[PDB]
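Okay, here we've got a single chain as structure tokens, the form deposited without the ligand, with questions on binding and movement later.
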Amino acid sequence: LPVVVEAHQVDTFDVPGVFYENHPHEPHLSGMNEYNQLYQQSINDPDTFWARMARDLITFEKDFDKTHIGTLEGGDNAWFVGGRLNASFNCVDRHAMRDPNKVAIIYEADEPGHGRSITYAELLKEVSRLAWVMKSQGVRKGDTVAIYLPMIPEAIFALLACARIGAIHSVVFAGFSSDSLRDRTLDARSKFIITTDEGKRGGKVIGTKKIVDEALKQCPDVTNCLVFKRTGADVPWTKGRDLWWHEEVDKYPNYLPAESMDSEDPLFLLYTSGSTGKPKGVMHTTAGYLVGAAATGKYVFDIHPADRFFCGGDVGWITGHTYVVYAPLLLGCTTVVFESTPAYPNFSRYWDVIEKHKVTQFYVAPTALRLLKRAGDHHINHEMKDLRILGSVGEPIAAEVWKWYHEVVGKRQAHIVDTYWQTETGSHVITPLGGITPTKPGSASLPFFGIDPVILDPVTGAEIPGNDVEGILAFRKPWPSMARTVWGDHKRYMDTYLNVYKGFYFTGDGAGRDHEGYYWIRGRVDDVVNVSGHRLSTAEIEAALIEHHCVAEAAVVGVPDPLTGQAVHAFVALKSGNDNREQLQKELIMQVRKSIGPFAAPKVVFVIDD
């Protein structure tokens, strides 16, 4: 009967009472009244609200002159202008100064019972001497550095060492093919790459150095490749280009100065798939991105310095950027770097890790939850006494999965926080606040501070006022962690995000706002599909399928899937005939695996006449 049909007869759920009784500290907010007061200030007077938030959470070398200049339509937004700071100083130095022996990183290795814990002082040493390696090899402020690493603590060392010297890290998910790594390394114009000899995940060997070698044959500007010895396997070696991480860092001091950066110096590039064209290098700058990361870590995930935060996302994606690395380290707590899968050695692994390390917040994709729920509740039998926040990201956590997460995983003692955001927003933008916001199963709830959502008519672009409305999700105002450009193509950034509905930021998602103002995310309205947590471009996959000599035309679509959220399905029209039609279906799948990576392979390729 309502316009937003998903909300029909869905009541809110309060934060469990025991959450407050068992809390080691207390929430950073007194309740929803204070959220509403701070939220209104963040919209009505963002100059005052964000200046105080930034000065609360981020240590500047030089205080900023003005909170924000520019406009959405101008595509000229700048935050904390005139400030100077360094991201590695805020993630590492200031904490090592105060509490050097506090654990910063818990490394959980692919095999249980391995791994190690890393203090803030140890982190400062490893970041410093890795930064010395890059500096000695000629990396300078403003250079991009390609990173092709699995989930080991050396990945955090690498991001933060780039930030320490003002280089711009460009992390490439270690499941990408050599073609995909090559394309991102070329576009970023990186001259330095960091990788492993091999990766280990779920007991399986990933031949990272071999993949890198293949990519670098076509990246002539890459003059050094720093290799971390993860497995010790014999790998191909290029004298004069390749260097061993362990050999190089032993040469250099255990401390390096931090480079003084402008608030608006680029911090990183993250190549992201869009509705049209090759992946775009989404650029985040420094102060605004860090402010958003710290602000959401604090108020969304209820992070306090003593906490042990565990995000299951990969450093290759924005979730790992913001919530494995930047947010928890900015706030000075402990973060978990998890090398394995939730199924290795068995389906208990996530809970084994949470129980061993006394994790307080866990951040998961619903695809992983559905896999585990299907495996059966006998794999979950873990006290997990400290687990009080259960975050979810990537798609709506639907009622059946929500209930399982709340009751079986959380024992009705944790607050489930469904966080809506995207690579381009830097940090959470519509989400409940942990320990504060009442929630609805399947809803992202309410906007974060500084986020002013509107629902637009898809055709006319007109704003649809009031509640129980549906349409396009857009934001009316800039926010600190917004992506600042697409690398090398500001015009595409303008045309993609800011020129579609002038005066607004276009998310590419549909949404409903229900009778109580709660937001229900409908998903992408463009040709972007989200498959097992992977943001994929159907146009990219079609182009991959066309690379096959038999295929003339290709069409790929995303369809609902009970486990992967959505499944990509591909249709091809052949140029002639193929008596090995079942055999062609294998070559087409391998073609996508070569062009993009295993994770992008279509479930099936249908060969049709027209």
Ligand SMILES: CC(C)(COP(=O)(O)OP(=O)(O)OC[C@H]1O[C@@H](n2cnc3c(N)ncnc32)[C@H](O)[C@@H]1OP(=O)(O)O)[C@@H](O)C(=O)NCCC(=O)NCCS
Second form
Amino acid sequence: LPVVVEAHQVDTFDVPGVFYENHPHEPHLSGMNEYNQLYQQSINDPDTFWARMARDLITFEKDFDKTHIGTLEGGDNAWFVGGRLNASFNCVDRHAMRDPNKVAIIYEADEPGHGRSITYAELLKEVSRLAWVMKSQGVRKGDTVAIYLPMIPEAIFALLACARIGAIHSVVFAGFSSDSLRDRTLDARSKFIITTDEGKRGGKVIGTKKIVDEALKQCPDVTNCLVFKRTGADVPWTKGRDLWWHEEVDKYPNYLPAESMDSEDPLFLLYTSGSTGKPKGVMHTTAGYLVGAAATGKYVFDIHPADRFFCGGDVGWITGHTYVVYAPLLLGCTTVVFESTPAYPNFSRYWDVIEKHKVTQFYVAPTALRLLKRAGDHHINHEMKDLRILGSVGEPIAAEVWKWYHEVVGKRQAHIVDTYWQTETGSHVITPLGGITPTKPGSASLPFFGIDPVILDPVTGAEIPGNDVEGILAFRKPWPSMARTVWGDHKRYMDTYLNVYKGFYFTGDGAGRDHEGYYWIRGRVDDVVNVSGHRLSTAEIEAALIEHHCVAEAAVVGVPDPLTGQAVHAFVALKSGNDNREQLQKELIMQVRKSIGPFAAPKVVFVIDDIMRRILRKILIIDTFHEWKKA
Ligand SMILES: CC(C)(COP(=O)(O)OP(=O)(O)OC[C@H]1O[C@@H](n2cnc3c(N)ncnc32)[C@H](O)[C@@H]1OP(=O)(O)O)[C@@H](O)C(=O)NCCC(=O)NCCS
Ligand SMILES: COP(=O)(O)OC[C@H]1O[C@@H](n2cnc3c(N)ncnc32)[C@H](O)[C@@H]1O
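Show the form deposited with the ligand bound, please, because up to now only the form deposited without the ligand has appeared in this conversation.
Okay, now the whole complex, with that chain kicking things off.
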């Protein structure tokens, strides 16, 4: 009956009464009334609103002159212009100064019962002397630094040592292949790379040093490669280029000055798959990104200094950037660096970790939940008394999963916060406010401060006003943590995000606003599919399949999946007869595993004789492929 069909007979659930009774502190807003009043000031007077929020949350060396200049259509937005600051001062120094022995990082190793806790003073030392290593090898303010690290505290050391000297960290997910590492290191023109000898994830060795050596053969501008001894296994060593982390840091002082950065100096690049082309180097600058990180960490996740915050995402992706690293450290609480998987050594792992370290907020993807919900409710017998916020990212936590998350995991004592955002937005843009906003299962609820969502007619591009509407999801106004460009290709940035509907920011997502104003994300309207919370281009995989000598044309599409959410399925037509078609589905799968990485391997590759991508999506020579699907 309603135009937003996902919103038929879905009421709001209030924040549970237990949330306030057991809360160790006072929440940051007095209620929905204060959200609405702050939200309206953030739309009608962002200059006043964001100036106060930034001076509340971020310590500037030099105060800023003006909250914002530029427009969406101009592609010239700058926030807190005239300000100077350093992101690692804000994540480390100011907290070490006040409370040197407060724990900043809880590292949880691949094996239980290992790991360690790291104080803000220890973090300041490790950031400083790693920054010393890079400066000593020639890394300067404004250079990019490639980072190919797993989930160990050393990764936080590396991002923040980069920020400390004004280098621009460019993190590459440790599940990427050599080709993908190479592409990103070249496009970013990094001359320094930081990696491990090997990874350990779920009991499994990841030959990270061997991958780096292969990529580096095609990166002749990389002149130093700093290697952290994670396992101590014999790895290949290239003298005059490779350096041991532990040998070099021991040479240098335990303190280094922080470099004074402009508000709009680049902070990092994060290569991101999109609808067309190779991955884009999404660039975030410094003050606005950090303001958005801290403001969502504070208001969305109810972070207080004493909290122990646990994001489950990998540092290789934007959730790891913003909520494993920047948001919790800016706010001065403790952050958990989880090296393992939710299934190692067993399916109780997430809750082993949450009970041992008394985690207050946990932040995960629905893929992980579905993998766990199928494992059974018996892997979950933990008190976890301090756990009051349950975050979800990447896709709608649907009703069955949202119930299992609320009752079995949270014991109806925690608030579930379905945060909608994307790499380009820097931090949450549509999300309930932890402990404040009444929620609906499967809805991202309401916009964050400074976010002005509109629903657009997909064809005419016009604004569809009022409630119970559906169409393209766009934002009407700029916001502090928006991405500022695509590295080396601002026109692509304009063409992708700002020239599609001039005057608006184009999210790439379809959405609907229900009778109450709550938003329901329908997913991508372009050829980006979300597999296991990993953001993938169907074009990228098609490009990888064509890299096989037998493939002529290739086509990849995304069909709904009960565990992976969406399952990538590939089709390929061969140039010549393959007498071993069974052997070919192995080499085509390995090809994608080599061009991108294991995590992008298609489920099955179909071979047919003979682009209307929509027909393949609805099916999973038109009658011949329907028989082909049946096999
Ligand atoms: C749920 C999850 C833990 C499953 O882990 P998994 O057991 O490795 O299974 P996956 O399907 O994801 O990965 C398949 C392949 O990717 C590889 N892979 C995944 N993560 C990797 C990593 N961090 N490093 C190296 N390789 C990785 C696996 O080893 C595997 O390779 P293989 O086929 O040779 O064995 C993982 O997919 C995940 O983290 N999803 C969440 C994404 C997200 O939204 N995070 C934000 C959370 S706030
Ligand atoms: C993590 O940011 P990424 O850039 O990896 O993801 C970018 C892409 O994820 C999707 N998405 C993220 N959160 C939600 C969410 N709560 N609900 C629904 N869909 C979501 C969306 O399609 C976005 O365009």
